Amino acid sequence: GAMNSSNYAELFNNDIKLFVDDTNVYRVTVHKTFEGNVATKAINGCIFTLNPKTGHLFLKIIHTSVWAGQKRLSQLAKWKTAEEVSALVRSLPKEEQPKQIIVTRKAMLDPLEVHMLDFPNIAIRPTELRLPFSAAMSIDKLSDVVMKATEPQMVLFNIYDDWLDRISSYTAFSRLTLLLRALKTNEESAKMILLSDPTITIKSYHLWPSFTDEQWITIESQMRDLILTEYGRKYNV
Amino acid sequence: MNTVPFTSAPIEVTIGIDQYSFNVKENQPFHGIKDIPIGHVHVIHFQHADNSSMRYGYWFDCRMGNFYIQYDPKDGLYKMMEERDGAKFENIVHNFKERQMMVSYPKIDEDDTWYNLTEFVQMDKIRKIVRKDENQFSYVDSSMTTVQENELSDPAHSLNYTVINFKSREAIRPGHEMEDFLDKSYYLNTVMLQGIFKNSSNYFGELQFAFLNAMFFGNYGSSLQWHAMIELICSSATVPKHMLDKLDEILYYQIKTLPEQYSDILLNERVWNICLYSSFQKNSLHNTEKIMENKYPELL
Ligand SMILES: NC[C@H](N)c1ccc2c(c1)OCCO2
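So the protein lines, in turn, are chains A and B. Taken in order, the first sequence gives residues 1833 to 2069; the numbers are from the authors' numbering. Taken in order, the second sequence gives residues 1 to 152, 170 to 317; the numbers are from the authors' numbering.
It is possible that part of the hints are untrue.
As a list, the in silico DSBU-like pairs of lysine-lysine whose alpha-carbon atoms are at most 30 Å apart [stated by the list, open to error]:
1) A/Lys1903 / A/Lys1980
2) A/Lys1903 / B/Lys273
3) B/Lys273 / B/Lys263
4) B/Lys299 / A/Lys1938
5) B/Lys184 / A/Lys1938
6) A/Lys1931 / B/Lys184
7) B/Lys273 / B/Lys215
8) A/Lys1903 / B/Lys258
9) B/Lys184 / A/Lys1926
10) B/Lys184 / A/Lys1903
These are computed hints drawn from the structure, not numbers from a lab.
Next up, chain B with everything else stripped away, as it sits in the complex:
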């Protein structure tokens, strides 16, 4: 189990770690998060009490370095930093633990939720979507635009998701216009899986990462990407059977975790009704259809 210490907490803030969250009062003696499960990526995220504008946060993997949080009063945010002095780091963590100044990652033994949401998410793929090569961790916030959003404005601060556009020459073979527009299997299997992602695990990793950024930051372009990647599969008549089964599991856990009161802003009614009730795969998403109907029957 690993630890992200905090130098201090000078401003009142809601801190998230993965799907958990807790409130820290201004100048309260908070010095970090311990017992973080090794083996998964994680995200530590922030929403200031005095200015809920900008949710922001950091994706990281404790196997790749020793990371900590320190507030910067000039830029006005909690920043992740890497500590290269390993013996300094262990000494700081040990002291804070001895004084019980850290919260414990509150995972229930029975609970696979975080694994289920991040099964295909790897730090290396995150770092290609979020480009800041000098850090081993990746910053995301609520306002960051996607590359495709910037084509339709600072490129260094963009989310480089794979562009999906159903009315593009990439999606549509000359001479197969009707075929390729009504059945997206070419675009899914040849262009995206074989050509760009190389395999379905990388496709699902980006889909899962887009969902989590939508949910944790309210990032609108991430929500667009998540829905586009679902629609591309559902609108394809020919999809490897293992992919359909795994997509159903992925979406089930996403819908299960979504905060009920955020459903109006995180779910696209058109996409979900098309995917569940009209698409080629309308009968291939049994678990997802069941939770959607029991949890969000209004959307449908």
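Next comes chain A alone, as it looks inside the complex:
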């Protein structure tokens, strides 16, 4: 069924599973027209498909040309997402195909179910976790590849860098969701935290800085403080 805090260790068992987040597929800026009306301009988006055990991120870049001359784009975006996830599964060797796909938004259930009718043994599930994957475009190297794309493209990343050589998947996912939640809540302050110290850099082949184990503890504490600080500012606490 649905996925929540009771069965959270299930994410890190040995059954292949993918999260799918569609919140950055259809991205628009709203602006005023010369006649004083309002118009949207689309910008490139992406599907965020993540294996939470391994860190493998299948980032399908959605180029604005896919919306040309289409209507009801917010609806189409869900079906385009389902089409692309189905295509990804079919491209994977059988032993790499997921046994479950967990969608972050329940509106993705029917589109994905219909596209995956040929895979009756892949479970399509919602989750009751509120996951901050919309903030993926706050990761500079992900945002850069999406905005520079001139055509549809799939790019593969490991969103955990090399952390799984020093920590468990459970801990890596918890670190990722804390980082993304902080970037979602206050992007400027989170990036300041991550880059404040010039002597710690991001390797060419990584997304995040090369923190030692002790520095990650400090960083994680500063991210928790940011989230709590912002909660106090929001609710006047």
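Given chain A, put chain B with the ligand in place with the hints provided.
Positioned in the frame of chain A, the structure of chain B with the ligand alone reads:
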């Protein structure tokens, strides 16, 4: 006009014949139903006074044989049987009529209700949904499951309605996923009408039969089928105009006949609100929308 005689009435029972019903007391001198209109299928149905569990009954057409009812004290029910001795049968009916031991099918001359509910229902199609090939009449009861219900348990006692499933490969062309899920015209017109039913008359016959089994027996799987067949049409952008007009007439008479106090259990709020107010055909069911709003405004 034809006659279904009863050997006797040994247990107190409410007897239905089509949309009519009457009570018979234990061992009362009741010997059947006369003046049954030729030209329509009919259903004779039963609910025991001492055990309202199991409504059950028999679909039949008096043009296909001489049928009668006899109580079986071992299986505990009124059974329909066919009498092959025509002269014996006529002699029995004539005697019971002479002694005025039969009730008259109480049809008002002005009243087209039964025709309107069974316009497309034929015995041959009933006998393909209800499989018991040795009888010319068909038994249905409140508990019988449908083939689709048995996929999600005795196959010989099942209602073989046409399976409709909106999230199935039959309903959804590879490569037309969004199109076919949001607009069911492919599934309605190519798969169901052209492919399975052959024409809209057979589709409407099964829809009408499902409704009547839902209403007369409280058969839950029949109610599911009735609503699925409505939703398939309403959720299709492309439907032959004659079908939309005729569906409106069909549903009007069904809603008109439904017992008011059974509406909570025989009508699916989601399906009706979607069909009347959100679907492609939301503006094509004027008569049905009018009676629904005046008779069941709560459901909406
Ligand atoms: N590949 C096994 C897993 N990523 C793991 C679990 C716990 C660890 C660890 C690695 O590094 C050593 C200390 O803690």
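To see whether the hints hold, each was checked on the structure:
1. A/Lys1903 / A/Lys1980: holds, 25 Å
2. A/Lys1903 / B/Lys273: Violated, at about 40 Å.
3. B/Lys273 / B/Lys263: holds, 15 Å
4. B/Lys299 / A/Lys1938: holds, 26 Å
5. B/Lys184 / A/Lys1938: The given pair, whose Cα atoms are some 16 Å apart, holds under the 30 Å limit.
6. A/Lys1931 / B/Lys184: Given pair A/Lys1931, B/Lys184 holds - Cα atoms ~19 Å apart, limit 30 Å.
7. B/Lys273 / B/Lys215: Status holds; Cα separation ~29 Å.
8. A/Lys1903 / B/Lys258: Distance of about 27 Å is within 30 Å: holds.
9. B/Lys184 / A/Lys1926: holds, 24 Å
10. B/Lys184 / A/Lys1903: holds, 24 Å
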